[PDB]
Amino acid sequence: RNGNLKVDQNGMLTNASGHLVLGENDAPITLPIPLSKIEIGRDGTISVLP
Amino acid sequence: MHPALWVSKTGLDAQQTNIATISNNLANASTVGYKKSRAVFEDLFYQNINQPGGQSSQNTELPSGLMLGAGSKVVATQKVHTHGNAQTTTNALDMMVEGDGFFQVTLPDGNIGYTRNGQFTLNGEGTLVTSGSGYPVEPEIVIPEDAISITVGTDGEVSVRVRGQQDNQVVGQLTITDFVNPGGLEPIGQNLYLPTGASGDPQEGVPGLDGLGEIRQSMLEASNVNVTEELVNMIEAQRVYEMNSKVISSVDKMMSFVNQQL
Amino acid sequence: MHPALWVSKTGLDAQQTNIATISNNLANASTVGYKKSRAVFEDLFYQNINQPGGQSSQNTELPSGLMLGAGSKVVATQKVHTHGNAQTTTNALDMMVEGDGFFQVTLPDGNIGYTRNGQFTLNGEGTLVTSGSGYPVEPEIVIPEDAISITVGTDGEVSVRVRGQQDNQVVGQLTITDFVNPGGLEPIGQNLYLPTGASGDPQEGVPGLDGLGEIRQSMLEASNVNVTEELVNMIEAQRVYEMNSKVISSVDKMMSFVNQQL
Amino acid sequence: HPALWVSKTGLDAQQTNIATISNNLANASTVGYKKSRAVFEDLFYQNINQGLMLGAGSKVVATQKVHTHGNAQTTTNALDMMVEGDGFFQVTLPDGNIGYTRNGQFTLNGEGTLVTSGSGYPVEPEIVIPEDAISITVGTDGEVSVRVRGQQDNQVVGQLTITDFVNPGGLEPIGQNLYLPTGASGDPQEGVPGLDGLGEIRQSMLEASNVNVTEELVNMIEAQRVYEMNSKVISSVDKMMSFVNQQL
Amino acid sequence: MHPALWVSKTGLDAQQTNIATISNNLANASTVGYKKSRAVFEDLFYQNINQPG
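For the record, the sequence lines run as chains A, B, C, D and E. Following UniProt numbering, the residues of the first sequence are numbered contiguously, the last one being 150. Following UniProt numbering, the residues of the second sequence are numbered contiguously, the last one being 262. Following UniProt numbering, the residues of the third sequence are numbered contiguously, the last one being 262. Those letters in the fourth sequence? Residues 2 to 51, 65 to 262, by UniProt numbering. Following UniProt numbering, the residues of the fifth sequence are numbered contiguously, the last one being 53.
To be clear, the hints were calculated from the coordinates, so they are not data collected in a lab. Wrong hints could be hidden among the right ones.
Unchecked claim - Subject to a maximum C-alpha distance of 30 Å in a straight line, what follows is the list of computed DSBU-like cross-link-like pairs (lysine-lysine): (1) C/253 <-> D/9; (2) D/246 <-> B/246; (3) A/106 <-> C/253; (4) C/246 <-> E/36; (5) B/253 <-> B/9; (6) D/246 <-> D/9; (7) D/253 <-> D/73; (8) B/9 <-> C/73.
What the hints assert, rightly or not - Stretch-level coverage of chain C by chain E, calculated; a stretch enters the list once three of its residues show a Cβ under 8 Å from a Cβ in chain E: (9) 53 to 64; (10) 182 to 188; (11) 197 to 210.
To be verified - Simulated DEER-style distance windows between Cβ atoms: (12) E/46 <-> B/190: 55 to 63 Å; (13) E/2 <-> B/190: 24 to 32 Å; (14) B/249 <-> D/197: 26 to 34 Å.
We put the CB at the ideal spot given by N, CA and C, even for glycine.
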C-alpha cells in the first residue's frame with residue numbers, strides 16, 4: 101500500500117521499498133526512457149508523453 | 001538489551017533523520033534552484049519467535065506463528081524536483097531554465113556538475129562563471145570587452161552589442177542537460193549535482209528542442225520549498241519523537257520494578 | 001499521527017494554490033489579451049467506515065453512513081475566455097479579435113502558437129512579427145519598403161498605400177484560429193497557447209466567417225481580470241488558510257497534552 | 002480495567018469528530034459542498050449484580079451531511095451553472111454508471127460535449143455545442159441554446175435534466191464532488207429542471223460551500239477540551255493502579 | 001517562501017517599469033521629434049502540474 105513510486109534510469113517503475121510494480125501483463129512496468137510528462141490516471145492507467 | 005528498548009530507539013533515529021531533513025529545507029528557503037527533500041520511512045524486518053529457528057508462515061494468527069517487528073528506518077531522502085517560481089531581477093547575467101534542464105559547470109577536478117542555479121557572472125578574463133565559487137560554465141562563453149549589452153536567446157545563443165557595428169554578433173551558445181531520473185542525482189552542495197548510475201546518461205541538446213527547456217535571461221528559479229508544509233511535518237515528527245521516548249521510559253520502569261521488587 | 005492534522009494540511013495546500021492563482025491574475029492586470037483563471041476545488045475520497053444504505057446489525061438500512069472525508073485540493077485551473085475591453089491606440093500594427101479567434105505565430109521550434117495578444121511590429125525584412133520575442137505571424141505578411149501606410153481589413157486583408165498608385169496593393173491575407181475549448185489550451189507564457197488533446201482540432205479560416213471573429217486595426221484587447229474580485233478572493237483565501245492552521249495548532253496541543261498525561 | 006477502555010472510546014469518538022470538523026474547514030471554498038456533522042451515541046449498558067447500569071463509553075455512529083443550499087457566487091463564465099433549489103446534475107462515470115453532483119463548474123471537451131471542469135466526465139444528457147456558435151445560453155429549465163451567426167433565433171442543441179432524491183444524505187460521496195445512489199438515498203427522480211420540486215438552472219452562477227466557519231472553530235473548542243478530559247481519567251486510573259501494586 | 005510572494009513581486013516590478021515609461025513621455029512632452037513609448041506586458045511560464053488534455 102506504499103505508493104511512493106519512482107522511475108529508475110531504465111524506466112522500470114518501483115516504489116519506495118524497491119519492489120518492482122506489476123503491470124497489465126502481470127509483469128513489471130517498463131516505461132520508455134525519454135519521458136516528458138507522467139500523468140497517472142484515477143483507475144491506475146499510466147499516460148506518458150514521449 | 002531488551003528488544004522493546006531498541007525497537008523504540010530505531011523510531012527515535014528515524015524521526016531525528018526526518019528533523020534534520022526538515023531543517024535543511026527551511027535553511028534553504030531562499031536558495032535559487034534548490035529542490036526540497038523528504039525523508040522516506042519503511043519498517044524493518046519481522047522475526048518469527050515461537051517457531052523453531054527462523055521458520056515462518058503457516059499459522060500467523062496463532063501463538064506459534066507470532067511475528068515481531070524490528071522498528072522503522074529512513075530508507076531514502078527523495079529530492080522533489082518540482083519546478084519553482086521565477087524571480088524577475090534586473091541583473092543581465094543571471095539566467096533560468098523553464099522546464100526540464102540543468103546548467104553545466106566545469107568543476108576544478110575536471111568533470112562537469114549539473115546545476116539549476118543560474119546566478120552567473122563574468123570572471124577576470126570575461127568567461128561566464130558562477131557567482132558563487134566561480135566554476136566556469138560549459139560550453140565556455142567569452143564576452144568581448146567592447147560589448148555593451150549581453151543578450152541570451154531562448155535557445156542559449158549569446159549575442160553582444162558592439163558600438164559601430166549594426167546587428168548583434170554571436171559569441172557562443174549554451175546547452176542544457178536533462179536526465180531520465182533527476183531524483184537520482186547526487187547533491188554535493190553549492191547548488192551542484194553529479195551524475196550517478198541511478199540517474200542515467202547526460203542527454204545534452206539545444207535548450208528548446210527535443211523536450212528541453214528554454215533559457216530565460218534576467219530571471220531566477222526560486223526554491224520549491226513549502227515553509228508551511230515543513231512546519232506541519234515538524235509538528236508530526238516532534239510528537240512521534242516524544243511518543244517513542246514514552247515507550248523507552250515505560251520499559252525501563254518495568255524492568256526497574258523487577259530487579260527491585262523481585 | 002492524527003487524521004485532523006493531515007486533513008487540514010490539504011486545506012492549507014489547497015489555499016496556497018488558490019492564492020497563487022489569485023496573485024497571477026492581479027499581476028496580469030495590464031497584460032494585453034490575458035484571460036483570468038480560477039482554481040477548481042473538490043473533496044478527496046471518503047473513507048467508507050459504514051455503508052450508507054447498507055444493512056445494520058439489526059437489518060435496518062442506514063439513512064446516512066459514517067463516511068470520513070480526507071480533505072480538499074485544487075484539481076484544475078479554468079481560464080475564463082470572455083472578451084475583454086478594447087483600447088484605442090494610434091499604432092497601425094496592433095490588432096484585436098472581436099469574437100472568438102487566436103492569432104497564430106511560428107515558434108522557434110517550428111510549431112504554431114496561438115495568441116490573443118495583438119501588439120505586432122516589423123522586423124528588418126518587413127515581415128509582421130510579435131512585439132515581444134519577435135516570432136513571425138502566420139501567414140507571413142511582408143510589408144514593402146515603398147508603402148506609406150498600412151490598412152488591415154475586417155476580414156484580415158492587409159493592404160499598403162503606395163505613392164504613384166491608386167487602388168492600394170494587397171500584400172497578404174491574415175487568418176485566425178478558433179478552438180471548441182480554448183480553456184483546454186496549454187499556456188506556455190509570452191501570451192502564447194499550445195493546442196492539446198482536449199483543446200480540439202484547430203479550425204482556421206477567414207476572420208469573420210464560420211463563427212470566427214473580426215480583426216480590428218489600431219485597437220488592443222485589455223485583460224478581463226476583475227481587480228475587486230481578486231481582492232475579495234484574497235480576503236477569503238487568507239481567512240480559510242488561517243482557520244486550517246487553527247486546527248493543526250489545536251491538534252498539536254492535544255497530542256502534547258496526551259504525552260504529558262498518558 | 003473497564004475505566005481505561007471507557008475513556009478510550011471517548012478519546013476515539015472525539016478524534017473522529019475533529020476529523021469531520023477539519024474536513025468541513027478544508028472544504029470552505031469547494032463549490033457545491035455540503036457540510037457534515039458527527040452523530041454521537043452512548044454504547045450499550047450492562048447489569049453487573051441484578065439493577066446497576068454501567069456504560070461502555072461513546073462512539074460516532076454517522077456523519078450526517080446537511081444539504082442546505084449555500085449562497086450564490088456570480089461569475090462571468092457562460093458554462094458554470096447553479097441549481098437554485100433541490101436537484102443534482104447527473105454525470106457519466108467511466109464505469110458506465112451515472113454519478114450525481116451539485117458542483118456546476120462545467121466546460122467543453124474536444125468534441126464540444128459538456129463535461130466537468132475537473133475529471134472531465136461527460137454531463138448527461140449529452141449537449142454538443144457546435145463550432146459555429148458564438149454564445150451559449152442556458153435557460154431556467156435547462157434549455158441549452160446557441161447563437162449562430164447568419165441565422166436569426168437561437169437553435170436548441172439539447173436540454174439538461176437534473177435528479178432529485180428524497181434523502182440526499184443517504185448518498186455515498188466518492189470524492190470529486192460526486193455522489194453514488196445507495197439503498198437509503200432513494201429512487202432517482204429525473205425530470206425537467208424546474209418543475210415538480212426540481213430546482214432551476216442558473217447560468218453563470220455557482221453554489222458556494224455552506225460550512226459555518228465560526229461553528230467549526232467553536233466545535234474545535236469543545237472537542238479539544240472533552241478529548242483532554244478523557245485523558246485525565248486514563249491518567250488517574252494509571253496512578254490508582256500504580257499506587258496499589260506498589261503499596262501492597 | 002510563498003508562491004504568491006514571488007508572483008506579486010513580478011507584478012510590482014512590471015508596474016514600476018510601466019510607470020517609468022509613462023513618466024518619460026510626460027517629461028518629454030515638449031521635445032521636438034520625440035516618439036512616445038508603450039510598455040508591452042506578457043505573462044511568464046505556467047508550471048505544469050496536471051497536463052491539459
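Hint-by-hint comparison with the structure:
1. C/253 <-> D/9: Cα-Cα ~18 Å, so holds.
2. D/246 <-> B/246: Measuring from Cα to Cα gives roughly 17 Å; hence the hint holds.
3. A/106 <-> C/253: Distance ~36 Å between residue 106 of chain A and residue 253 of chain C Cα, so the pair is violated.
4. C/246 <-> E/36: violated (53 Å)
5. B/253 <-> B/9: holds (16 Å)
6. D/246 <-> D/9: holds (11 Å)
7. D/253 <-> D/73: holds (26 Å)
8. B/9 <-> C/73: violated (36 Å)
9. 53 to 64: Since 0 is below three, the answer is violated.
10. 182 to 188: holds (count 5)
11. 197 to 210: holds (count 3)
12. E/46 <-> B/190: 55 to 63 Å: violated (30 Å)
13. E/2 <-> B/190: 24 to 32 Å: holds (26 Å)
14. B/249 <-> D/197: 26 to 34 Å: Violated, at about 51 Å.
Checked against the numbered hints given earlier, this structure breaks hints 3, 4, 8, 9, 12, 14; the rest are met.
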